[PDB]
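Construct all of the structure, not just a fragment, from the sequences and the given hints.
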Amino acid sequence: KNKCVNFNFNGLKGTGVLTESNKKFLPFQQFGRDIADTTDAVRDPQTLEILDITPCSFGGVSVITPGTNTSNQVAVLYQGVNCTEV
Amino acid sequence: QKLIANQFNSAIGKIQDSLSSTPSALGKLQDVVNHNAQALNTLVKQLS
Amino acid sequence: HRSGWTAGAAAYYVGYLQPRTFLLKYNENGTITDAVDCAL
Amino acid sequence: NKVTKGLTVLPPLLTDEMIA
Amino acid sequence: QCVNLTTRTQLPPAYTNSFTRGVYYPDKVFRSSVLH
Ligand SMILES: *[C@@H]1O[C@H](CO)[C@@H](O)[C@H](O)[C@H]1NC(C)=O
Numbered sequence: 001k002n003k004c005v006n007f008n009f010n011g012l013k014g015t016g017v018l019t020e021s022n023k024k025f026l027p028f029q030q031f032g033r034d035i036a037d038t039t040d041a042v043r044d045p046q047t048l049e050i051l052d053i054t055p056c057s058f059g060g061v062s063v064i065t066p067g068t069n070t071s072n073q074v075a076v077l078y079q080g081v082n083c084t085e086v
Numbered sequence: 001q002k003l004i005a006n007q008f009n010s011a012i013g014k015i016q017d018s019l020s021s022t023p024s025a026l027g028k029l030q031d032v033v034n035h036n037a038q039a040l041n042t043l044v045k046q047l048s
Numbered sequence: 001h002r003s004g005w006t007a008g009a010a011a012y013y014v015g016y017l018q019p020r021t022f023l024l025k026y027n028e029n030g031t032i033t034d035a036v037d038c039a040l
Numbered sequence: 001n002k003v004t005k006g007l008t009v010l011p012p013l014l015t016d017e018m019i020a
Numbered sequence: 001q002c003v004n005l006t007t008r009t010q011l012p013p014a015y016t017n018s019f020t021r022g023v024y025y026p027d028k029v030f031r032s033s034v035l036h
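Top to bottom, those sequences are chains A, B, C, D and E. The first sequence begins at 1 in our numbering and counts up one residue at a time. The second sequence begins at 1 in our numbering and counts up one residue at a time. The third sequence begins at 1 in our numbering and counts up one residue at a time. The fourth sequence begins at 1 in our numbering and counts up one residue at a time. The fifth sequence begins at 1 in our numbering and counts up one residue at a time.
Some clues are possibly wrong.
Far from chain D, by Cβ distances over 12 Å, these chain A residues were calculated [stated by the list, open to error]:
{"id": "1", "residue": "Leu12"}
{"id": "2", "residue": "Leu18"}
{"id": "3", "residue": "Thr19"}
{"id": "4", "residue": "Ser21"}
{"id": "5", "residue": "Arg33"}
{"id": "6", "residue": "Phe58"}
{"id": "7", "residue": "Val74"}
For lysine to any residue, the following SDA-like pairs were computed, each having C-alpha atoms within a straight-line distance of at most 20 Å [said to hold, decoys possible]:
{"id": "8", "chain 1": "A", "residue 1": "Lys23", "chain 2": "E", "residue 2": "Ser32"}
{"id": "9", "chain 1": "D", "residue 1": "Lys2", "chain 2": "D", "residue 2": "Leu13"}
{"id": "10", "chain 1": "A", "residue 1": "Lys24", "chain 2": "C", "residue 2": "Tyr26"}
{"id": "11", "chain 1": "A", "residue 1": "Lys1", "chain 2": "A", "residue 2": "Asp37"}
{"id": "12", "chain 1": "B", "residue 1": "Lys45", "chain 2": "E", "residue 2": "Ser18"}
{"id": "13", "chain 1": "A", "residue 1": "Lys3", "chain 2": "A", "residue 2": "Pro55"}
{"id": "14", "chain 1": "A", "residue 1": "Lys23", "chain 2": "E", "residue 2": "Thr7"}
{"id": "15", "chain 1": "D", "residue 1": "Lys5", "chain 2": "E", "residue 2": "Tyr25"}
{"id": "16", "chain 1": "A", "residue 1": "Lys24", "chain 2": "A", "residue 2": "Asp37"}
Computed Cβ-Cβ distance ranges for the label pairs, DEER-style [unchecked claim]:
{"id": "17", "chain 1": "A", "residue 1": "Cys83", "chain 2": "B", "residue 2": "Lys14", "range": "44 to 54 Å"}
{"id": "18", "chain 1": "E", "residue 1": "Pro12", "chain 2": "C", "residue 2": "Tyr16", "range": "39 to 49 Å"}
{"id": "19", "chain 1": "E", "residue 1": "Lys28", "chain 2": "A", "residue 2": "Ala36", "range": "42 to 52 Å"}
{"id": "20", "chain 1": "C", "residue 1": "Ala7", "chain 2": "A", "residue 2": "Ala36", "range": "24 to 34 Å"}
{"id": "21", "chain 1": "A", "residue 1": "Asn6", "chain 2": "B", "residue 2": "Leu26", "range": "40 to 50 Å"}
{"id": "22", "chain 1": "B", "residue 1": "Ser18", "chain 2": "C", "residue 2": "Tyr16", "range": "53 to 63 Å"}
{"id": "23", "chain 1": "E", "residue 1": "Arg8", "chain 2": "A", "residue 2": "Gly14", "range": "51 to 61 Å"}
Just so you know, the hints here were simulated from the structure itself, not pulled from any lab data. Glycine included, C-beta positions come from ideal geometry on N, C-alpha and C.
Have a look at this one:
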């Protein structure tokens, strides 16, 4: 749990962070879906618990620089990423 | 001067009331927000 | 029920399914609370 | 008050405090 | 073993309104606060 891993819940391919969830599934319901109709919460087949299944951190790397005619130092910005995730 | 000042004050109070009561006064900004949201939602839904 | 044979108060209904599209509304817990028949 | 993946939303350069 | 039953009272079938009954969960996928 809490690690970017490849998860398999009865042939369910995917990759993401498996975190405990507070949602309340119905007994027959196996895996949930979000507004986008994508896999969001999955119930473990062996032990019955509700787990969120977010995807791993992604973003966009932007580079801040003065002109090379001035200097070669750059600063890198990771868009939409908490500083503890790099 | 006093009449004009009183008229201005009353008008500005009525402006606040009219903005507070009528819901469709700010339709343009809400349309902007809704258009952006629905475009993103449609593009996401196209994945399925 | 044998007293010959006797039947108590009972009634049942038989309806046949058809292919049509519904709009299902799931609540916060995930329970269907309402539906709309798109061809009614 | 009256106004309410692979896709990212970028923040505006001018915060609402600066506009105010 | 089986016994013929002839004490039946003949009657044409009746009819009634279904209203909004007969809706079932189409699949096992969980969904919350959505309209699908
Ligand atoms: C689940 O349903 C109960 C009613 O039985 C409701 O009080 C509760 O708020 C629902 N769960 C959530 C997360 O809203």
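Each hint tested on the structure:
1. Listed as outside the interface, A:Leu12 is consistent with that label: its C-beta sits roughly 19 Å from the nearest C-beta of chain D, beyond the 12 Å cut-off.
2. Every Cβ of chain D is farther than 12 Å from the Cβ of A:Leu18; the closest lies at roughly 19 Å, confirming the non-interface assignment.
3. The Cβ of A:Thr19 sits about 18 Å from the closest Cβ of chain D, beyond the 12 Å cut-off, so the non-interface label holds.
4. In this structure A:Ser21 is separated from chain D by more than 12 Å, as the shortest Cβ-Cβ distance comes to about 19 Å.
5. In this structure A:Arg33 is separated from chain D by more than 12 Å, as the shortest Cβ-Cβ distance comes to about 14 Å.
6. Not every C-beta of chain D lies more than 12 Å from that of A:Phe58, the closest at about 8 Å, which undercuts listing it as non-interface.
7. Interface exclusion of A:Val74 from chain D stands, the closest Cβ pair being 20 Å apart, more than 12 Å.
8. Proposed proximity of A:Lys23 and E:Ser32 is supported: the alpha carbons are some 9 Å apart, at most 20 Å.
9. Only pairs whose Cα atoms come within 20 Å are accepted, and D:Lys2 paired with D:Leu13 is rejected, the gap being roughly 23 Å.
10. Proposed proximity of A:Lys24 and C:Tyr26 is supported: the alpha carbons are some 13 Å apart, at most 20 Å.
11. Simply put, A:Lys1 and A:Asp37 have alpha-carbon atoms about 23 Å apart, too far for the 20 Å limit, and the pair is violated.
12. Distance restraint check for B:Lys45 and E:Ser18: the Cα-Cα separation of roughly 35 Å exceeds the 20 Å cut-off, and the hinted pair is therefore not satisfied.
13. Between A:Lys3 and A:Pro55 the alpha-carbon distance is near 10 Å, which keeps this suggested pair within the 20 Å criterion.
14. The straight-line distance between the Cα atoms of A:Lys23 and E:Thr7 is roughly 56 Å, outside the 20 Å bound, and the hint therefore fails.
15. Note on D:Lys5 and E:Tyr25: the hinted pairing is violated, with a Cα-Cα distance of about 28 Å set against a maximum of 20 Å.
16. Simply put, A:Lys24 and A:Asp37 have alpha-carbon atoms about 18 Å apart, close enough for the 20 Å limit, and the pair holds.
17. Between A:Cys83 and B:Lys14 the CB atoms are about 50 Å apart, so this pair conforms to the stated range of 44 to 54 Å.
18. In this structure the hint that E:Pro12 and C:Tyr16 lie 39 to 49 Å apart at CB is violated, the actual value being about 18 Å.
19. The hinted range of 42 to 52 Å is not satisfied by E:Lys28 and A:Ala36, whose Cβ atoms lie roughly 19 Å apart.
20. As the Cβ distance of C:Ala7 to A:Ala36 is approximately 54 Å, the hint placing it in 24 to 34 Å is violated.
21. One distance hint, 40 to 50 Å for the beta-carbon pair A:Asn6 and B:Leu26, holds here, with the actual separation near 47 Å.
22. In this structure the supplied range 53 to 63 Å holds for B:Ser18 paired with C:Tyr16, their Cβ-Cβ distance being about 57 Å.
23. A hinted range of 51 to 61 Å holds for the C-beta pair E:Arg8 and A:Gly14, which are about 60 Å apart.
Against the hints set out earlier in the document, violations occur for numbers 6, 9, 11, 12, 14, 15, 18, 19, 20.
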